[PDB]
Amino acid sequence: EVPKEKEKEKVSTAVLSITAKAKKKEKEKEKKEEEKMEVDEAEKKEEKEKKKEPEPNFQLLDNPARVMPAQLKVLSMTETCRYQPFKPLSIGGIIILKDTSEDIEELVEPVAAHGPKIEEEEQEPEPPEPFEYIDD
Amino acid sequence: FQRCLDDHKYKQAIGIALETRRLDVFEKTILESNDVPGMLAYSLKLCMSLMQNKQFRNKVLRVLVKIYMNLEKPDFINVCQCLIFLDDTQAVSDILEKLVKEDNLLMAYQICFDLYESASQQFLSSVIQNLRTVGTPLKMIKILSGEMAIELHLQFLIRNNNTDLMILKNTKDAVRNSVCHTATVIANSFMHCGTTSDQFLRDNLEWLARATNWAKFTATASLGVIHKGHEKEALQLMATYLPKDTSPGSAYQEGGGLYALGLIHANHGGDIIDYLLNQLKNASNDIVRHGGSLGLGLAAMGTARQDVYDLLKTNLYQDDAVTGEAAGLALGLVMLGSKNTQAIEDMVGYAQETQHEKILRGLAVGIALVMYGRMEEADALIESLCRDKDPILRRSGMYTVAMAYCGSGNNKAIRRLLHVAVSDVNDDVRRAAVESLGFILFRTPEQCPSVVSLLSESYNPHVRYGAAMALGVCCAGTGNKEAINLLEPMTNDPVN
Amino acid sequence: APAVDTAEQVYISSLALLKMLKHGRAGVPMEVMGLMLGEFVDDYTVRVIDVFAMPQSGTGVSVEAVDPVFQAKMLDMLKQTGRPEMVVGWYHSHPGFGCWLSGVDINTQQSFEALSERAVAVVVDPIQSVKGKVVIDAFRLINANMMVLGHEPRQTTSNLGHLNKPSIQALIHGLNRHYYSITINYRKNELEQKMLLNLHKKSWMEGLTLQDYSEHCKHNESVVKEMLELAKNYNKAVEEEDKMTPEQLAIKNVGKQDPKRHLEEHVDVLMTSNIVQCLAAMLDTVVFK
Amino acid sequence: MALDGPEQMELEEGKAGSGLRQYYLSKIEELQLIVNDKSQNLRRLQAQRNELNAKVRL
Amino acid sequence: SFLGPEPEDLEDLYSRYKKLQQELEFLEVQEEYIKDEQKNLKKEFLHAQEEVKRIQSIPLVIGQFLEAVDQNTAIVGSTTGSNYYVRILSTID
Numbered sequence: 818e819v820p821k822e823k824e825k826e827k828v829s830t831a832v833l834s835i836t837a838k839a840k841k842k843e844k845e846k847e848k849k850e851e852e853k854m855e856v857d858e859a860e861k862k863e864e865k866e867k868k869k870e871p872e873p874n875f876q877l878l879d880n881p882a883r884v885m886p887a888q889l890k891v892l893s894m895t896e897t898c899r900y901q902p903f904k905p906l907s908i909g910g911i912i913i914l915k916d917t918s919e920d921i922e923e924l925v926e927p928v929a930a931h932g933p934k935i936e937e938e939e940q941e942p943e944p945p946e947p948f949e950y951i952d953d
Numbered sequence: 138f139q140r141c142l143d144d145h146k147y148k149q150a151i152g153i154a155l156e157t158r159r160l161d162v163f164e165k166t167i168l169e170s171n172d173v174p175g176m177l178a179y180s181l182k183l184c185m186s187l188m189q190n191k192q193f194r195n196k197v198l199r200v201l202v203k204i205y206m207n208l209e210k211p212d213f214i215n216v217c218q219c220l221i222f223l224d225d226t227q228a229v230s231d232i233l234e235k236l237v238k239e240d241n242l243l244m245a246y247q248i249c250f251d252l253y254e255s256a257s258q259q260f261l262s263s264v265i266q267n268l269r270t271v272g273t274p323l324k325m326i327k328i329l330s331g332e333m334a335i336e337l338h339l340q341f342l343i344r345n346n347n348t349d350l351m352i353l354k355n356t357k358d359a360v361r362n363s364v365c366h367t368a369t370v371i372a373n374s375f376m377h378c379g380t381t382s383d384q385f386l387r388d389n390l391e392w393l394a395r396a397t398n399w400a401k402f403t404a405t406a407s408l409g410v411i412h413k414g415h416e417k418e419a420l421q422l423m424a425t426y427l428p429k430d431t432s433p434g435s436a437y438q439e440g441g442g443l444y445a446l447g448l449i450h451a452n453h454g455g456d457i458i459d460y461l462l463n464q465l466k467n468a469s470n471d472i473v474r475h476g477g478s479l480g481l482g483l484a485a486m487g488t489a490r491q492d493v494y495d496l497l498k499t500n501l502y503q504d505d506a507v508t509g510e511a512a513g514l515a516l517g518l519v520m521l522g523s524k525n526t527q528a529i530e531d532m533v534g535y536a537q538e539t540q541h542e543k544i545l546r547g548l549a550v551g552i553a554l555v556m557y558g559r560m561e562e563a564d565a566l567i568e569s570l571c572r573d574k575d576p577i578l579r580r581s582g583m584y585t586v587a588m589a590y591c592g593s594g595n596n597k598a599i600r601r602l603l604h605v606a607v608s609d610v611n612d613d614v615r616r617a618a619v620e621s622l623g624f625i626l627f628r629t630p631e632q633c634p635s636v637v638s639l640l641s642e643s644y645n646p647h648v649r650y651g652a653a654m655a656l657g658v659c660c661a662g663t664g665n666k667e668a669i670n671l672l673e674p675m676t677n678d679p680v681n
Numbered sequence: 022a023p024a025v026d027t028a029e030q031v032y033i034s035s036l037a038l039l040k041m042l043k044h045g046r047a048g049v050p051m052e053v054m055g056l057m058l059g060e061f062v063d064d065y066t067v068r069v070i071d072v073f074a075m076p077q078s079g080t081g082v083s084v085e086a087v088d089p090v091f092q093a094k095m096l097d098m099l100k101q102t103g104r105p106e107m108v109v110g111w112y113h114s115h116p117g118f119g120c121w122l123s124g125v126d127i128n129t130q131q132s133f134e135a136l137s138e139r140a141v142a143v144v145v146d147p148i149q150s151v152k153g154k155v156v157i158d159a160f161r162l163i164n165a166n167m168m169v170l171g172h173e174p175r176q177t178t179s180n181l182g183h184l185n186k187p188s189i190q191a192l193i194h195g196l197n198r199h200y201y202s203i204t205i206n207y208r209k210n211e212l213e214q215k216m217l218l219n220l221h222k223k224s225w226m227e228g229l230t231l232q233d234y235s236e237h238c239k240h241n242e243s244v245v246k247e248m249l250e251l252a253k254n255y256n257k258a259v260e261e262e263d264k265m266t267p268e269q270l271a272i273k274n275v276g277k278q279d280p281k282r283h284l285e286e287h288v289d290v291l292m293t294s295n296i297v298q299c300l301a302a303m304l305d306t307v308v309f310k
Numbered sequence: 001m002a003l004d005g006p007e008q009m010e011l012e013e014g015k016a017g018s019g020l021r022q023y024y025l026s027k028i029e030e031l032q033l034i035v036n037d038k039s040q041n042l043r044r045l046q047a048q049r050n051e052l053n054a055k056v057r058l
Numbered sequence: 028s029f030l031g032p033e034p035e036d037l038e039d040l041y042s043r044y045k046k047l048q049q050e051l052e053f054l055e056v057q058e059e060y061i062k063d064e065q066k067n068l069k070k071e072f073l074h075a076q077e078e079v080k081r082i083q084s085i086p087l088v089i090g091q092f093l094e095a096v097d098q099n100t101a102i103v104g105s106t107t108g109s110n111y112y113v114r115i116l117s118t119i120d
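Residue numbers (PDB author numbering), protein chains in the order written: chain A, 818 to 953; chain B, 138 to 274, 323 to 681; chain C, 22 to 310; chain D, 1 to 58; chain E, 28 to 120.
Bear in mind the hints are in silico, worked out from the structure with no lab data behind them. Don't take every hint at face value.
[Claimed, not checked] Below are the DSBU-like pairs computed for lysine-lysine, each with C-alpha atoms no more than 35 Å apart in a straight line:
1) A:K904 with B:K357
2) B:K196 with B:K324
3) B:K196 with D:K55
4) C:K152 with C:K215
5) B:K357 with A:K827
6) E:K45 with D:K15
7) B:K357 with B:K324
8) A:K853 with A:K825
9) C:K209 with E:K45
10) B:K324 with A:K915
11) A:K890 with B:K357
[To be verified] If you want the ones that stay clear, here's a sample from chain D, every Cβ over 10 Å from chain B, calculated:
12) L3
13) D4
14) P6
15) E30
16) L31
17) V35
18) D37
19) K38
Here a beta-carbon is modelled for each residue, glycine too, at the ideal position from N, C-alpha and C.
Isolated chain A, as found in the complex:
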């Protein structure tokens, strides 16, 4: 997170305790006829820090791949979620039978790259996009 930002917020919280404390103490409840003491009006100060949350979720083993029982769609050349290391089987699932990529065999697509046919079906537009363009 970086500390720099965190210091700024700690000082801003403090201003509040100082201001309430100031007025309240000043009122004489021990030099008027009534005495209920002015020492009971002893407040203290506060600050604010923050640090990243630790929370282990979807852990079968400490750092498997974190197996979800539920699936989502991810686009080629993207993790819309964030993918997890080493699942050859859980990537591919069943290829979608409405997409412009479909094929002759199902689930022949691990995270080692594959390019399915468009002979089988064409529907959705094809997007080619290397970094070739950016390089040269």
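Given chain A, put chains B, C, D and E in place with the hints provided.
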């Protein structure tokens, strides 16, 4: 087997067939199993797990590729496993030639994109010439080289990228950078892999100059990984540091700029290989030559050429200290995955000849790469190295077995590493041996925390460093519960 | 800076480690030093081919300790054999301080430092070093002013640490500031090792050699008598004597002059001697007769 | 199947093939014995070693 | 009579067992070496013992043992007429 044939289960068939060791039997004695995904893939792993005998395994894998090749749909998974494991041209060539008949242009591409990630990088170059003859449905070349392929992965890496510079800024700004300099550059180099973070490097030019010694080399060197497969920015960044454009700073910075260049363009080497080749001839001296030597070997993978081997071999003979280390690694990279007697000879013999420490380490890893998927043939080599007079040579044997045996986990390989470790009190051999185990065992990764624990208990904290490593590699794609807890007391220990 | 400055591992040959130790030991308690003769290879390897000592004195490990007479004389010998060497650096022993540099050492360390940035001051095990397994470390000494400029971190890089304390935190502070226990490896080959392993040629005869039978028979008799005494003490003990703490055990299971231990020592010595003495005599008799 | 229940045929009927499974399981039963004693023996040496390590580190 | 899928399930029991047996064979090799590892640890030990031996030798001061309060630390009176609470090297009996 006939009761089994009658039930019509392929899964039962491979298991029994295995026991018998007969090829016709594995396919089904009269062919009736035609499922292409699932059960078929399972056998290949089964044959590897139980058996430790290559010859029969290579025959089974190969027979299974040909029987499916006759079928209209072959699978791309089955040829990729043979291709790495056998180090045989045939498996991929057989399926792609049938594909000509089909004129599924599309099918051929799918196999090729797959081939590049999975298979040996060096091996792909030899495969290209033979595929052209059998015929394709040429267009194949761009993907198999890896030029096209790498560029598509770069759009993936860059868009998703998220990881800030800010951590690096605070420490560098606060106090003088020399030791801190090393710390910044490796963390920085690794995080921004395949994305544009040239931003930091370019303004904080001053950052690299303040450094000294090896840290200095490491700083310029670090850049290449960040700019992996950017052909745009790669040349520009490296220029400052090179005598190409002013303010080179020192020899360390120039050497590191060549190393970075070799890293960026590796595995599709085009225009860059010829410049670094000329530079190799020309300089042939210490700190500058180290990076150039290293890069040259990397650039050569995935296009091949003999010329790179000879030049690294002459460079090694001359007895330059710094560059010798790079030379050794690079000889192992070029020849790779076929076995070459010259490569193994030159690196092994040279170790004995030099008393210079940098050169030694470099060779020791180097002999290991070229032996990749030899299996049993590596045994004779590790034993010799271990038998040798020098303690450094004993470490070089451990490398040899580590690379070769992967893709199996066998009894044979483990027994000799351990042997070295007990016989010798010596701190280096014990630590060395423990790492190599974790690689052999990652084909049943659960075994590794049990064996590594025993060794960590020892009096030498040296062994413990290796113990940490052994676990890491084994579990590196996906791990276990046990692997993490073993590592955890060592993190707390105050031995550095 | 385009400056080298880093930690230097010392590659010690077999003649050089044994010789330095010998000097150090001979020298006790007076501080003794000597030069390291060698060749430099690589870019942090400083190799000690050989060493010679500067005379044993109460004035040593000073710039006064190095004599031109001994150094020249010693160098001249090497030439006839045809060995060219350069002064790679210097070694010393402090047997009234640890394996750290001391204040008297600093002047000498500085002169060699200025001359060769690749000359180190090596402290060699004498018998005073508390953390002594024959751990030899080589250090260079800088001052505080240099450290804040950032000269100090360069020196520390590229070495494996290890903690020692043979003389409290003051030693440790200097130890970190220097290089911080630099790694020493030894250059050896199998042929040299084997010469060091065997005590003598004579083991061949001696291993076979037996005393007098009468004396062997006496040994057996002496132990038995000894064991017989301990026996009474074992008998009460057996009821527990698996317990922690010797103070508690003293009353319970006769932990005062522990019978288990006494009996085990008596049994080990008796055993090995009787078999070896029987075996030898009997084997020799069949070959000779 | 079981280690019980006689039935006719074996040529391709398949009761024999299942019956062989019950015998295949006898083979693992032979093997389970070697393995437990190997774990116990390794453990014996580890106890002794852990005890030796503790002294040196200490 | 069988022609069902049941021989697949029966196969699996055997298939899992064979890989598990293989893991154990790795452990067999390790059992032989670990007996050797002890012998090497004893070698390291003996060299490590030389380290305690240096403190055990001069310079030494002579004291007199008042009594042992516990194993790891005790109460002693040195020959200076000053008493110190000090540690016991490798829990002397």
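Against the structure, the hints:
1. For a cut-off of 35 Å, the pair hint linking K904 (chain A) to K357 (chain B) is broken: about 38 Å separates their Cα positions.
2. A C-alpha spacing of about 31 Å is found between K196 (chain B) and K324 (chain B), which places the hinted pair at or below 35 Å, so the restraint holds.
3. Our distance criterion of 35 Å between C-alpha atoms is broken by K196 (chain B) and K55 (chain D), whose separation comes to about 54 Å.
4. Taking the CA atoms of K152 (chain C) and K215 (chain C), the gap is about 28 Å. The hint holds against a cut of 35 Å.
5. Restraint check for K357 (chain B) and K827 (chain A): the C-alpha separation of about 25 Å stays at or below 35 Å, so the hint holds.
6. About 24 Å separates the Cα atoms of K45 (chain E) and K15 (chain D), which keeps this hinted pair within 35 Å; it holds.
7. Distance restraint check for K357 (chain B) and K324 (chain B): the Cα-Cα separation of roughly 49 Å exceeds the 35 Å cut-off, and the hinted pair is therefore not satisfied.
8. This hinted pair does not check out: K853 (chain A) and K825 (chain A) have alpha carbons roughly 39 Å apart, beyond 35 Å.
9. Of the pairs offered as hints, the one joining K209 (chain C) and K45 (chain E) is violated, with about 46 Å between alpha carbons and a cut-off of 35 Å exceeded.
10. Using a Cα cut-off of 35 Å, the hinted pair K324 (chain B) and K915 (chain A) holds, with the two alpha carbons roughly 28 Å apart.
11. A hinted pair counts as satisfied when its Cα atoms are at most 35 Å apart, and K890 (chain A) with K357 (chain B) does not qualify at roughly 42 Å.
12. The claim that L3 (chain D) lies off the interface holds: its Cβ sits roughly 18 Å from the closest Cβ of chain B, which is beyond the 10 Å cut-off.
13. The Cβ of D4 (chain D) lies farther than 10 Å from every Cβ of chain B, with a closest approach of about 19 Å, so its non-interface assignment holds.
14. Under the 10 Å C-beta cut-off, the non-interface status given to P6 (chain D) relative to chain B holds; the minimum distance is some 17 Å.
15. At roughly 15 Å, the least C-beta separation between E30 (chain D) and chain B is larger than 10 Å, which holds for a residue marked as non-interface.
16. At roughly 13 Å, the least C-beta separation between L31 (chain D) and chain B is larger than 10 Å, which holds for a residue marked as non-interface.
17. With a minimum CB-CB distance of about 13 Å to chain B, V35 (chain D) clears the 10 Å threshold, and the non-interface call stands.
18. Residue-level check passed: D37 (chain D) sits 16 Å from the nearest beta carbon of chain B, beyond 10 Å.
19. For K38 (chain D), the shortest C-beta to C-beta distance to chain B comes to about 12 Å, beyond the 10 Å cut-off, and the non-interface label holds.
Hints 1, 3, 7, 8, 9 and 11 from the earlier list are contradicted by this structure; the remaining hints agree with it.
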